[PDB]
Amino acid sequence: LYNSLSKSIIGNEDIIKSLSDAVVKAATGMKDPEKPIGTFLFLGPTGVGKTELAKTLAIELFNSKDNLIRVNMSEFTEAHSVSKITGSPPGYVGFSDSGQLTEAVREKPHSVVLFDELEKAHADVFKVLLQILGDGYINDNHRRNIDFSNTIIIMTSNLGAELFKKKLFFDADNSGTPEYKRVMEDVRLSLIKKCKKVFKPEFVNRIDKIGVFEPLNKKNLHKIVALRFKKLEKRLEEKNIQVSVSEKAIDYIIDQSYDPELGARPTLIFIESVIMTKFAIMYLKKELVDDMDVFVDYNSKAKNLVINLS
Amino acid sequence: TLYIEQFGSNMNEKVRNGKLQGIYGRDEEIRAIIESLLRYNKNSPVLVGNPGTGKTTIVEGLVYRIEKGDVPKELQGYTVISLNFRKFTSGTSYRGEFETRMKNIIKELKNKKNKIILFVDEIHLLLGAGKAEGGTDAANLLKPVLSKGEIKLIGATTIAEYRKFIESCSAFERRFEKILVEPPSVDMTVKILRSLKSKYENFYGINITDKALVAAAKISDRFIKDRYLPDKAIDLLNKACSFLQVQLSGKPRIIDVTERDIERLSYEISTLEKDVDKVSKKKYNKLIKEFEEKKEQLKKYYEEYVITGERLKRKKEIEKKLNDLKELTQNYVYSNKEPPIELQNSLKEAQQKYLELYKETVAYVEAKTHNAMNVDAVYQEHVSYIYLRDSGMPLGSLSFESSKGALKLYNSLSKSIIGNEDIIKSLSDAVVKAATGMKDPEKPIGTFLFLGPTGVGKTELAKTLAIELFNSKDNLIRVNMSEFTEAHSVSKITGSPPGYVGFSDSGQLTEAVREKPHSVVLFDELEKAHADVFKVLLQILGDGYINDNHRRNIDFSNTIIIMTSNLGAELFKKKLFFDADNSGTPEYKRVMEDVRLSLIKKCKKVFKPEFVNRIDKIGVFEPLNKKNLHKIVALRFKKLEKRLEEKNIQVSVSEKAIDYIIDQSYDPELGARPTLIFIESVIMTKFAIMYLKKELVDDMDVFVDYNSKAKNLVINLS
Amino acid sequence: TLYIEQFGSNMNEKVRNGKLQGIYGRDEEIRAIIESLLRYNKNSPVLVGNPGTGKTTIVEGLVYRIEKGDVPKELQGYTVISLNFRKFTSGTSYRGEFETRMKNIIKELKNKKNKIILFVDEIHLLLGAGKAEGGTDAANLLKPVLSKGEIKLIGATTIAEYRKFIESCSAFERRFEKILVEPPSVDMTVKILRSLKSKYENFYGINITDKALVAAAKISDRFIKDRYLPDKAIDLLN
Amino acid sequence: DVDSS
Ligand SMILES: Nc1ncnc2c1ncn2[C@@H]1O[C@H](COP(=O)(O)OP(=O)(O)OP(O)(O)=S)[C@@H](O)[C@H]1O
Ligand SMILES: Nc1ncnc2c1ncn2[C@@H]1O[C@H](COP(=O)(O)OP(=O)(O)OP(O)(O)=S)[C@@H](O)[C@H]1O
Ligand SMILES: Nc1ncnc2c1ncn2[C@@H]1O[C@H](COP(=O)(O)OP(=O)(O)OP(O)(O)=S)[C@@H](O)[C@H]1O
Ligand SMILES: Nc1ncnc2c1ncn2[C@@H]1O[C@H](COP(=O)(O)OP(=O)(O)OP(O)(O)=S)[C@@H](O)[C@H]1O
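Protein chains in written order, with full-length UniProt numbering: chain A, 595 to 904; chain G, 187 to 904; chain V, 187 to 424; chain F, 231 to 235.
Just so you know, the hints here were simulated from the structure itself, not pulled from any lab data. Hints may contain errors.
Below 20 angstroms or equal to it, Euclidean Cα-Cα: the simulated DMTMM-like pairs (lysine to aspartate or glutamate) are [stated by the list, open to error]:
#, chain 1, residue 1, chain 2, residue 2
1, G, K411, G, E697
2, G, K833, G, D461
3, V, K296, V, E191
4, A, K649, G, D373
5, A, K659, G, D729
6, G, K501, G, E546
7, G, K828, V, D407
8, G, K649, G, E711
9, V, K377, G, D461
10, G, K649, V, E359
11, A, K824, G, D626
12, G, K411, V, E359
13, A, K828, G, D373
14, G, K813, G, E855
15, G, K467, V, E319
16, G, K625, A, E831
17, G, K678, G, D741
Kindly produce the complete structure, drawing on both the sequences and the hints.
See below:
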């Protein structure tokens, strides 16, 4: 797992060293009997890969995208949104199913449970979540016991990002030295102290490992763009259009649209809105055979060019 | 012979007759049943799974392995019988009769010499059967004897039926073993469709390209969420093969539509001409021109039916002769020679002639998109046609003219929308991602944000878009974001959670998207909305997977997300933008880009920074110049004719008369509204009062022209 | 002569009698049913759509095309039966009568020598029929058959009834095929109303000016939002 | 200036 995740995502190897090691307890079977395997709480700036760690666990631990249970925490901002989890109590509408979450966990008892945007919720959903992280013992409408054992629980939230020591570590950290790295420990401790004041300090007791994502470096983001072009034939596999890209053209994509505060979502849009759209408008007019060898290359004359072969 | 054999049906005989021939391998699922049947205690598995995943096809596949002998010999020779309730419950009329029906069934199943393993279709129906006023349930009779091992049983229920009906009687559960039928994991479903090709090629007679087989998997599975995988992937080929039989045994679809329409338009000529000459002269002369030109389109259509008819038969001629002489001439390869002269003379043309006829078809499919005439081959364009029809895109826009209208979008948008040309290229390119099929899955197309001062036409780009991309006003799913000032109004989006009023309906925004998955969604004013509403949409911009009251996934793929919002009313300068916009300078280019960089910074404060990166293109509309507003006023008079079609009063205006309308009410601080107030409250009045008093006959053309002397407008009436 | 004619009313006799005479059919709509009426497995389209938007009109337009012959040569001669839920409740004397009532129907549906095709008015219903204390779910009696093509069937319900009842089962839903009926996009409704003059002129003795027809549509379009469109333009003319 | 011309 530690080699598979590093090929799939270019994240912090510290979080992966903790995440993959918790999975080792599942295969050995030496683990907490009534506590879930590897509770986590991911933090960092927007745009960095807090969810796709939890998304590739559906791809590697289970090889099934539907086995991920993406619970969108953002729809729980109303205080009475507790009743989607445990279901409606008896005498009301919707008592037949156990709930929107608990019927899903009973259907697939081995899943990475994903809580995207944990911050964007009322404090009442936090109250039920204390049961799930401490025990498997959440109860249903009919008081069916559930086992959240054998289920990794990964929640992510956006807190920080104003506390996260802005431009000093975004704009100036284009290289990772021990001089820059001493800041991250000082920010990580203030993130945990911020987690006490909003996330009700007993949550920190259940969470096994509070990972914190660093913002993407230019050397870090250079590998991520190479992964997107490897995924770019996956939408073109039905069309059989191979798209290889030289490294210097990848450097032109980064240097034109690097935004370290935004987690390099502008780099991903710059692919989808410029080089993908030119791949898209060239397919409309009759310049693309269904089999075309495509090699993007930067000619060092302030112009990208797309080399085509049949 | 046996007493249960007339009840239901014998599944084993249908495998012998070939009705149930063949199954694809789900061998880990199949062997789990055989081991449960060989257990000491209960011998009753239940196939729990999703409704579409082929739970019965395991058992339909299990009987094929019994009679052909692919079982261990301890299970060799058993016969399998189904039990429908149409035959099972017919004897429940008299009071002590159904128990005698149950008694003889147990007496045959307990026999070891009678080698029968029983199958029922849905066990949750069997619980409520035979409940007479003096009699027990059929399930409660089976409970003491299903614990005993001699009664072999196989059954299948769906998960929602198993949690509601079996779990209500927990003692009935423990007699049964779960074996989870799983969804078939799309990369395996491609191998399922390739296994089934020869069965469809015999029933339909239609060649199926492997291009369509992958398109029957990836387009069916990832784009539709209910009706789990093989009930989607097999279904489109079930519709692809049915679609081409009607175009072969009958006429092709274009000729079928046009022949019906010309018979109807000729009926309308009989309606208008008999009436008195009036306002209907204009529509009658419109329909006569429509009647002839559509009739002349037939003459090239029949030509296309004959030419592709010649292309189809000429390909069919070589498939009869040389395709069979290629294959059957495989005999005596060893020594009586397989490669001498004349054996290859015909093999040489089999690559030349057949592939040239192949490329004439493929070029004809990309030209005539979904309605290719005389084509025996299924294609991706046929599979997408069925997907686009059942998903609900309206019949005359943007996909039925595939890969041809996406180029013409930017030209068409300008007439509807003159100004602000840079943003319109991004709206055009987003559809270019849609029309080609090249886009990110689970990412919504075109998450645009439209900032600007009032009246620069921010929602106009969106009102005209549904008229342009879809030719339907109803596809513009507008939601009034200005309604969401309250924090507690969030539940209008996703709906009320269970245990509250209105759970039976879903969210008011999301219930329309299930009805119209191909739609251009609005959000009218994110400027005036509470921050908790932004928490919920945050989901819709990064993923399409917003959830409902019932946690049904919603497809916000193929949904353009236009979000107009203001973030102005200060910060867009009263003297460096509004008043100075007429003087065309490159000094525009350090002031517009300057004020834009604060607006994205403003989105970090009022909105969240998670909106700053997920929004694709933050367009900022330029305040209106004279030259653009000269044509925006000219548009209104084009729209004024549409309001006057019922009265047949054509309206026209000179360009000098437009300028006086501009010079009286030009305020860039508003822009384009007080000009229309000057049109609709001043010029429109004498279009109105000259009708009440009889200065306007119903057939009068009007040409407004500025006098440029007497200083007053003149109204030219003919 | 059919047993099913006793309970389901026969749509095919109305076009021969002239109860319906000429239908402004929706050409791209009706042929989707014919393509669903030939199928290896499903053979059961349903007309999901709106309360006032012509659901019966498509199937009355289908029988007008079958009885005259415009359909492909496979589907020629097929009989269409509109079921009457007033006549399904006539059974169930004490117990087991409805199973005699059900088995006699399905046996004629299995015969290809019988040309019969069911048309349910609303599959909103069929879930409550035959459910007594010992009842066994009339809709679930159809479940072992509908996977195979033994029953040709047409349905027509609204979207709200499709969501509140048909999706509640989730296994009864998968056999049916949604064929989305759309509101007819005003320009066609003028072509609808002009095809409806000759019946309305003779029924009233009253001439209808064509200027009133576009006035009957356009006033009905925007100025009344609910009660979807073909209910409005037909009634405000009528 | 109403002109019928
Ligand atoms: N360390 C990383 N390794 C690999 N891909 C990454 C990494 N960081 C970011 N990405 C990519 O950037 C995007 C990150 O998506 P996510 O940030 O996980 O979505 P998200 O976590 O909900 O974002 P936020 O922070 O909550 S707004 C995806 O396209 C990833 O592939
Ligand atoms: N592996 C497969 N091989 C062949 N046909 C399959 C396979 N999986 C599914 N099908 C087809 O898809 C349908 C699956 O049937 P089922 O899911 O069993 O529905 P069912 O038979 O009505 O039982 P229910 O409705 O699920 S309780 C049938 O029409 C099969 O022909
Ligand atoms: N570029 C344009 N093309 C066509 N019509 C336009 C344009 N700009 C403005 N208009 C017209 O001016 C009005 C613009 O309406 P809108 O501004 O879109 O309403 P709105 O977008 O909610 O306005 P704001 O900016 O939010 S206060 C309509 O009457 C349009 O016809
Ligand atoms: N295209 C058309 N051609 C002829 N008549 C039509 C057409 N559209 C609508 N009508 C008439 O308008 C009425 C509309 O019928 P429907 O909308 O099908 O209502 P219904 O038949 O009661 O089914 P519901 O209530 O919508 S589930 C019919 O009685 C038709 O006579």
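Original post:
Is the straight-line distance between the alpha-carbon of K678/G and that of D741/G 20 angstroms or less?
Top reply: Holds. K678/G to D741/G sits at ~18 angstroms (cutoff 20 angstroms).
**OP:** With a cut-off of 20 angstroms on the C-alpha distance, tell me whether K824/A and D626/G pass.
**Re:** At roughly 13 angstroms apart (the allowed maximum being 20 angstroms), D626/G and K824/A satisfy the hint.
Subject >> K828/A paired with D373/G [C-alpha distance capped at 20 angstroms] >> reply: At roughly 13 angstroms apart (the allowed maximum being 20 angstroms), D373/G and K828/A satisfy the hint.
Subject >> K467/G paired with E319/V [C-alpha distance capped at 20 angstroms] >> reply: Not OK: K467/G and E319/V at ~68 angstroms, beyond 20 angstroms, violated.
Subject >> Holds or violated: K411/G to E359/V, with C-alpha atoms at most 20 angstroms apart >> reply: Roughly 14 angstroms separates the two Cα atoms, so the pair holds.
**OP:** For the pair supplied as a hint, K411/G and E697/G, confirm whether the alpha-carbon distance does not exceed 20 angstroms.
**Re:** This hinted pair holds, its Cα atoms lying about 15 angstroms apart.
Original post:
Would the pair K649/A and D373/G pass a check requiring their Cα atoms to be no farther apart than 20 angstroms?
Top reply: holds (19 angstroms)
Original post:
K659/A and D729/G: Cα distance at most 20 angstroms?
Top reply: Holds, at about 14 angstroms.
Original post:
Does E546/G lie within 20 angstroms of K501/G when you go C-alpha to C-alpha?
Top reply: Holds, at roughly 10 angstroms.
**OP:** Could you grab the alpha-carbon distance between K377/V and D461/G and see if it respects the 20 angstroms cut-off?
**Re:** holds (16 angstroms)
Original post:
If you draw a straight line from the CA of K649/G to the CA of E711/G, is it 20 angstroms or shorter?
Top reply: Holds, because 14 angstroms separates the two Cα atoms, which is no more than 20 angstroms.
Original post:
Taking only the CA atoms, is the gap from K649/G to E359/V under or equal to 20 angstroms?
Top reply: Roughly 36 angstroms separates the two Cα atoms, so the pair is violated.
When held up to the earlier numbered hints, the structure conflicts with 10 and 15 and fits the remainder.
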